[PDB]
Structure formats: structure tokens, C-alpha cells
Amino acid sequence: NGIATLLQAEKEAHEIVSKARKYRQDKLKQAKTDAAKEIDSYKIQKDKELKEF
Amino acid sequence: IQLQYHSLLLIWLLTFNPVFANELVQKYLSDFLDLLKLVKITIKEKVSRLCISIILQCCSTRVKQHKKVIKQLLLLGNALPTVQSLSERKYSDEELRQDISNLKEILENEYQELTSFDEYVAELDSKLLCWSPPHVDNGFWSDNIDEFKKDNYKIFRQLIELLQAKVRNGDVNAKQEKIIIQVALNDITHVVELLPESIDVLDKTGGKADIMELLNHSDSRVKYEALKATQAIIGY
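Protein sequences appear in the order of chains J and P.
Under the entry's author numbering, the first residue of the first sequence is numbered 5, with each subsequent residue one higher.
Under the entry's author numbering, the first residue of the second sequence is numbered 240, with each subsequent residue one higher.
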């Protein structure tokens, strides 16, 4: 059926959207690591000042 | 009748030699089924005895691949139920009765080692399905779900190929073809409901497209089977 094929394409689009949504979660996880690095960098900078003192 | 009896006698004489019997076994796989049908239809004691002797010679231990030939006959031509029916029926001839009893014993021995999985495999290889009891048996499907998905879902791929062939043959829309298509659709629905990993393989192999095409079939039973398969796929 032609309509059923279009529904399968919609399911593929939903799967693509689901993959994109999963990729967004992976992208958020990648951005989460960068955010943690910035927090660690501030602590490292404070520790470096203590070492200099 | 005389010509048929002479032909049966000649066939039995040829099958007396194990090499010739083995050669003729592979010459016509449906020869045993035709002989059994003729024996059942014919009421002559001599003709029935000749047919029984010819059938036994094909499955005789002297002929090559005797066990394989007996198993193939019992799987395709339904040798075991035919022999059971013949044993139940009363035959006036003593020699014919003894031959029928020996054939029934051989068929029972062959079927003892065989299982429903072998029958399903033979039916899939022959591409003939008429709503077998294993198809409607929930326990058989539950116990054979792993077997179907085994070998990278080889059985599932074979079923998908059979469904595609039936869809290509759906233009004829024969009664036997419609029954085979319905049985294949039911098997696909069962293999999708249980162990849904085969659903992705079927979709990649065009099983969903075949089901959608069958949903527009003129036959009411085929359309209902395709609708049920679609509902089991993504429907509620």
C-alpha cells in the first residue's frame, strides 16, 4: 500500500528524530564534560595560586 | 487398470535393484506420493500389494540414503498417516496386508526420530503451507521461536522469501496460493510477536512492504491476515 509506505517513512522519520534526540543527549553529555572542565579549571587555577603562595 | 498394474510391476522390478531404486527416488520426489494415492484409490489387492512393495523398495535399507529417503517421504508425502490409515483398513490379501504392516512399521520408526521441526522445515522447503497444526499451536511457536531466529534468522529469511514469492504469485490468487499466503502471514506475525529481533530483518527484506501489498488483496482472508500482521507489527 502506498499509504502504508508513507507511514513507514514517517516511522523512519520518527526513528531519525529519535536518533537526533539521542544525538542531542549525546551532545548534551559532550557539553556536560566541557562544563565540568571549566569548573575543574577554576579549582586548578585556585590551587595554582595556593602553590604560588 | 491392466496398464497401471503392469507399470507398477515394472517399477517394482526396477526398484528391486538398490542402485536403480536410489536413482528413481531422486528422479521424482512426488512418485511415492502418487503411488500412495493410487494405492488408496485402487481397490485391487494385487495393485495395492505392488504399490506397497514399490514404496518399501524405495525406503528399503538396500537402496542408498534409505533413512534420508524414508524421512523425506514421511515429511513430504505424509507417509506415516497414509500407512496408519492403510493399517486400520482391512485388506483381503494376506501378502498385501503384511506389506502394509511392514510399511506402517517403517514409517512409524522413521517418524519416531523426526519431530515437528523437521515437518515445518520440509513444508518451508516445499513452499507449501495449508494451516498446519504447528502454525496454530502456541506451544510449538514458543518452543521454535529460538530455532527460527537461529543461524542469523535463516528460517525467518526463508519465510520472508516465501511470502515475497506468494506476493509475486498473488496475481493468480489461487485457493492453494491464498492458503499458503495466509499461513505465511500468520507465521510472520508469530515470529514478530515472539523474538521481535526478526521484525527488523523482515523489514529490511521487504516483509513490511509485502504485508502492505497483501493488505490490498482481493481475497478477504488474505486481507484479514495482512491486517492482523500489520496490527502485530505497529498496530494496537
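Check the hints yourself; a few may be wrong.
[As the list claims (entries may be wrong)] Computed spacing ranges between beta-carbons, pair by pair:
1) P:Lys393 x J:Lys31: 38 to 48 Å
2) J:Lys33 x P:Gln470: 34 to 44 Å
3) P:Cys369 x J:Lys31: 35 to 45 Å
4) J:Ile20 x P:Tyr475: 19 to 29 Å
The hints are simulated quantities; they were obtained by calculation from the structure and are not laboratory data.
We put the beta carbon where it would ideally sit given N, CA and C, even for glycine.
Looking at the structure, which of the earlier hints fail to hold? Hint 3 is the one this structure does not satisfy, whereas the remaining hints hold.
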